[PDB]
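So the chains spell out like this:
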Amino acid sequence: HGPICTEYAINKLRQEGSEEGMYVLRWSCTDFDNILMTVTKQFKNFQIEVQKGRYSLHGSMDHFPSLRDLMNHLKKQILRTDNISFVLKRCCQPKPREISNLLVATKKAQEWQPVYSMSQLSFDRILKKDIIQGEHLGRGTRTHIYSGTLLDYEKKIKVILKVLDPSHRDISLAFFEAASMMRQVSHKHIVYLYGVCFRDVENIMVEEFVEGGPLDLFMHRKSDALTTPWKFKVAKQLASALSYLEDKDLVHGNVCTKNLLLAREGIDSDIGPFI
Amino acid sequence: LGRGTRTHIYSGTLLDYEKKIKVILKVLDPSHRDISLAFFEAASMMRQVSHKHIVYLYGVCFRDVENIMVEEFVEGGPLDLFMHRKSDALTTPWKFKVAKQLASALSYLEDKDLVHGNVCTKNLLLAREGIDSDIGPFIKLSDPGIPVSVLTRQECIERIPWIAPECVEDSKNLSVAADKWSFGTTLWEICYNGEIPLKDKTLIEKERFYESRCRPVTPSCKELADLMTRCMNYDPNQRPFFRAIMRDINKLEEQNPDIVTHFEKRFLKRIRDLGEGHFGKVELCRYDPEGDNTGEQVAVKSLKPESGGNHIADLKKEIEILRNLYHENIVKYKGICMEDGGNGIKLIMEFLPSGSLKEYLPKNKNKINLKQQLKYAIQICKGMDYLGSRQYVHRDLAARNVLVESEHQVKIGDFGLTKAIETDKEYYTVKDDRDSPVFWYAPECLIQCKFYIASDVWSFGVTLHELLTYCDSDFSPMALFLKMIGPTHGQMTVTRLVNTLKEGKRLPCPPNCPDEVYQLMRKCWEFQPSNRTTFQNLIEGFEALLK
Amino acid sequence: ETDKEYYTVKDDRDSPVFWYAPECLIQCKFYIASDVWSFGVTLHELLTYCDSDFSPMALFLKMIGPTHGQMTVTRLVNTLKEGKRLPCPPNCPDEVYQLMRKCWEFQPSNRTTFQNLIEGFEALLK
Ligand SMILES: Nc1ncnc2c1ncn2[C@@H]1O[C@H](COP(=O)(O)OP(=O)(O)O)[C@@H](O)[C@H]1O
Ligand SMILES: Nc1ncnc2c1ncn2[C@@H]1O[C@H](CO)[C@@H](O)[C@H]1O
Ligand SMILES: Nc1ncnc2c1ncn2[C@@H]1O[C@H](CO)[C@@H](O)[C@H]1O
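Protein chains in written order, with UniProt numbering: chain A, 441 to 480, 492 to 604, 613 to 734; chain B, 588 to 604, 613 to 855, 867 to 1153; chain C, 1028 to 1153.
Treat the hints as calculated values from the structure; they're not laboratory data.
Accuracy of the hints is not assured; some may be wrong.
Dumping the calculated SDA-like pairs for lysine to any residue here, alpha-carbon to alpha-carbon at most 20 Å [claimed, not checked]:
| no. | chain 1 | residue 1 | chain 2 | residue 2 |
| --- | --- | --- | --- | --- |
| 1 | A | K579 | B | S766 |
| 2 | C | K1037 | B | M1084 |
| 3 | B | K796 | B | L769 |
| 4 | B | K1089 | C | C1055 |
| 5 | B | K647 | B | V669 |
| 6 | B | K846 | B | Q696 |
| 7 | C | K1056 | B | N1105 |
| 8 | C | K1037 | B | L1088 |
| 9 | C | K1056 | B | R628 |
| 10 | C | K1111 | B | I951 |
| 11 | A | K579 | B | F635 |
| 12 | C | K1056 | B | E1011 |
| 13 | A | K580 | B | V745 |
| 14 | A | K579 | B | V745 |
| 15 | B | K977 | B | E1011 |
| 16 | B | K887 | B | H933 |
| 17 | A | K579 | B | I951 |
| 18 | B | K922 | B | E896 |
Next up, chain A with everything else stripped away, as it sits in the complex:
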C-alpha cells in the first residue's frame, strides 16, 4: 500500500480476524526509501530500508535483490519480540475502490456512492388477474417455468414466469432476496423483472422474454460457422456486465453458459449478436 494512515490499516486487521501471522505493507508517509509493515492483542510495526533497488531489513548486515526475494527469505524463520514470538502466515491486499485518506470527496462523486440496503427488501406485486399462465417449458433447480402473458402494464405482452417448487417452500427466503436483488440492477445486458406475483401460496417472477434462447445449443448447432470476433465481442460484453455487477457490490454465483441467453442472431450480416 501507499501512505495510508495508521488507523485505516489497524482497522483493516480487525476485519479479517486479527490472527497472529497476518501483516500489511504500506509506504512510510515520511520516508521515500523505507517501507513499514504492521503485524498482529498486539500490533507490532517493522521498517525495511530500500536503497539503490537493494532490499534489506534494518539492523541486518545482509541484503536481498528483490522485495519479494527479501520477504520470501524471512518466511521460514522464527521472530523473537521481547517475550512473545510468532510466525507470519499471510499478507493483506487492496480491495476495489477502498475508502481511505488518499481519496478525494467531491459533490459529483457523492452521488455515485452505493446505497445502503443491508436489511431492506422491496418488490412490486403483480395482481393474479393481470397474468395468464401458459404451457410448461422445463424444470429448473427446484423451479418450474411456464409460458406467460401480462395484461394492462400497451397490453397483451408475453412474459416469462418462474414458479418455486412446492417441495422447497422452506427456501422462500433465498427466493425473496433473489427476487429483490434484481430490483436494483439496471443494465442492458440483464433481464427485466416486472415484479412478483402472489396468489394462494405459490409465487412467480415475471421476467423479460427473449426469443433468441440460450447460447448453449445455439453455439452447439453452428460451431463450424462461428468466428473469432464473435467470441471476442461475446466475452467483452459479458465482462462489462460483470464489471457493472461488481460496481454495485452484488454477487452472481451462476456465471455459466446455461445462464447466457441470446437476443439477436446477426451471423448473416455485419451486425453482432446480443446476449
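With chain A fixed as given, assemble chains B and C with the ligands onto it according to the hints.
What follows is chains B and C with the ligands alone, placed relative to chain A:
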C-alpha cells in the same frame, strides 16, 4: 399468551439489537397461510408510521415457513379489563384525555392516508397507571391485524356496531371515512364502563338495525348525542373531520362542569401437546383472562384444519353426548370456545397431570398393589355401568383412554367414539370411516359392525389384561395379539385376528393373576354377547374379592 | 428367488385386495398361480367392458354386504371360503365362462397356467 384472530402470540426476547430486551412475537396461524398477503402488507404498513401512540415493530422474523412480527412490549396491558376492574374509581378528565389522545393518533393516521379497521377497546393497551397521582395514564394503538376484507359474511356481522355498513354492503367500499364510525363506537363504549354495545341482540336483529337506518345507540347527554350523531352518519362523504372533533371536544370539556361456559381464544395459553389422533388433536392450555399466570390448567381438544364437515358434526356430537354426563369417574366438562366464522370449535376437558394408565402405571411400579388396580377395575366398571345405564357405548375403552385423577381414583375420557343406542334396538352399527382399536373389540364388532353393551365387556377385559400387567409394552395386547397371529400386515391383521378368535384364542393369563381373578376375567370374552357378563356382576365379584 | 415357490410381502402399501387369491389375502403368499386370479378378475372386467355398474369393487361389496374399510377383507375372505366368486359376465359364452372360472381355484396348485389360457383362447378363435 393467547390466540388472536388466526394468530398466536408467545413471549419474546430480542438479542443484540443494549441486549436481552423482552419483545412481543406474533405467529400467523398455519391453517391460513393463504392470507400471507394481508400478513405482508400489514407488516409493511407499520414501517412508515412514526408516532408515540403507536406500537414499534423491530421488523419481521423468517425461519422455515412461519413468520413473526417483533413488536413493542408494554406491561400496562389492554385498557379493557383495566377499566372493567376499577370503574368506580374512574374520573371524567381521565376519559377526556383518553379520548383526545386516541383522536390525535387517528388524526395522525389519516394524515398519512392510512386505514385502521380495528379501532376498538381491545386494541387499546395501557402504558402507565397514574391513577394515584396527578400524572395521566398513557395508551398506545396496536396493530390493525387481519383485514375485514377477507372475513366471512358471517364474520362481517359480529363486528356490529364497530363495522361500517358501507363495508358490509361491499368490502371494496373500504376507505378512511369508516374509521370515524369505530371512533364513535369506542367513544360510546368508554362512556358506559366499557359495557358491551348492542348485546343481547341476534345477528338478524343487527342486520335489521342496519337496514332500518335507525340510530344504533344513544347516550343520556344532549351534547354527547349531538356529537355522536354528527360522527355517526350513514353518508361517508358527510362525516366531519377529526380536527373538528378535537375542537368540539375541547370546547365541550370546559363547557360541561357537571361530570354527569364460554372460553375466549385470546385467554387460551397453550403449554404443550397433550394428544393427537388421526382426525383431532388435544392441547394443554391455561385459561388466564387476568394475564397473571394464575389461571387454571385445562385440557382442550381441537380438530386438524383438513377435517371434513362430517368430522365437525362428529365433534359436535361429542360435545352434546358428554355435556349431559355427570359421574365421579368421567372426564369433567366446563365450556366451549368458538372460532371466528362458526367453522371452528374448541372442546375443553380437564387436564390431569397424572395422565392415563398407559403412562401412569409404568412410572409407578411399586406403589400399586393388587388391591389398587382391583379398585381401578371397580371404578371403570362403575363408569361404564353409568354410561350403559345412559344407553351409550364408548367404543374406545382403552387404558390409554383411562385418565388418572389420583392414586385412589381414575377417570374415563376420549368420548369421540362414544355412540348412543336408539330406544328400540339392542346394538349399533358403525358407518363412519375411522381408525379403531380392533384388538379391543368383540368378534361381532369385527365382523358385522354390531356394538352392544356386552361389547364393552370385551373392551373392559382387554383393559384389565392391560391394567393387571401394568400396561406393559412387552405384554401389549397389540403385540400379544400380533405374536399369537403371526406376521400380519395392516389391512390383513383383522382377518387373522378373527380367525384366531374363532379358534378360541384369547389373551393369556397375566403375570401373578389370581385364579379367581382370571376366572371372572376371562368371562368377559364369551363369543356370544348374550352369554357375556354384566358390569354390575363385575362390580359384585370385585367387591367380593375385596372381602 | 431361485429356490422358492412363492413370495411373502412385507412393505405396508395399499393393494387391490379384490384382485387377489385367498392365500394372497391370508398369508401374504404370492405365486405365479396367484396372477391367474388377477387375470380372471381383469377378464371379468374386460368382457363386461370395465363397467362401474359391474365393477369387481362394487360386485364384491354387494355380495359381501355393507362392509367398512379395514373390515372389508375379512368378509371378502369369508365369502370366498364359502365358494363365492364373481358372477357370469353379460353374454359370456359357456366355454369362455368355463375356462374363465378355472382361474380362481382355491388351491394355487389346482389353478391353471397362462400357456393353457393362450391355448384355450386360440382354440376359441378356431
Ligand atoms: N384431562 C386430561 N388430562 C391429562 N391428559 C389428557 C386429558 N385428556 C386427554 N389427555 C391426553 O391426551 C392423549 C390422547 O387422549 P384421548 O382422548 O384418549 O385420545 P385422542 O388422541 O383421540 O384425543 C392421552 O395420552 C392423554 O394423556
Ligand atoms: N429468462 C428467460 N428469458 C427468455 N427465455 C427464457 C428464459 N429462461 C428460459 N427461457 C427459455 O426457456 C427455454 C429453455 O429453458 C428456451 O426456449 C429459453 O429461451
Ligand atoms: N402489542 C402488545 N403489546 C403489549 N402487550 C401486548 C400486546 N399484545 C398483547 N399483549 C398482552 O397480551 C395479553 C392479552 O393478549 C396482555 O397481557 C397484553 O398486555
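Right, here's what the structure says about each hint:
no.: 1; hint: A:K579 - B:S766; in the structure: 19 Å, holds
no.: 2; hint: C:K1037 - B:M1084; in the structure: 18 Å, holds
no.: 3; hint: B:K796 - B:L769; in the structure: 25 Å, violated
no.: 4; hint: B:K1089 - C:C1055; in the structure: 16 Å, holds
no.: 5; hint: B:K647 - B:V669; in the structure: 13 Å, holds
no.: 6; hint: B:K846 - B:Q696; in the structure: 16 Å, holds
no.: 7; hint: C:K1056 - B:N1105; in the structure: 17 Å, holds
no.: 8; hint: C:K1037 - B:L1088; in the structure: 15 Å, holds
no.: 9; hint: C:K1056 - B:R628; in the structure: 47 Å, violated
no.: 10; hint: C:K1111 - B:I951; in the structure: 48 Å, violated
no.: 11; hint: A:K579 - B:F635; in the structure: 16 Å, holds
no.: 12; hint: C:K1056 - B:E1011; in the structure: 49 Å, violated
no.: 13; hint: A:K580 - B:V745; in the structure: 17 Å, holds
no.: 14; hint: A:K579 - B:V745; in the structure: 16 Å, holds
no.: 15; hint: B:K977 - B:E1011; in the structure: 17 Å, holds
no.: 16; hint: B:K887 - B:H933; in the structure: 25 Å, violated
no.: 17; hint: A:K579 - B:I951; in the structure: 33 Å, violated
no.: 18; hint: B:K922 - B:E896; in the structure: 29 Å, violated
In the structure shown, a violation is registered for the earlier hints numbered 3, 9, 10, 12, 16, 17 and 18, in ascending order.
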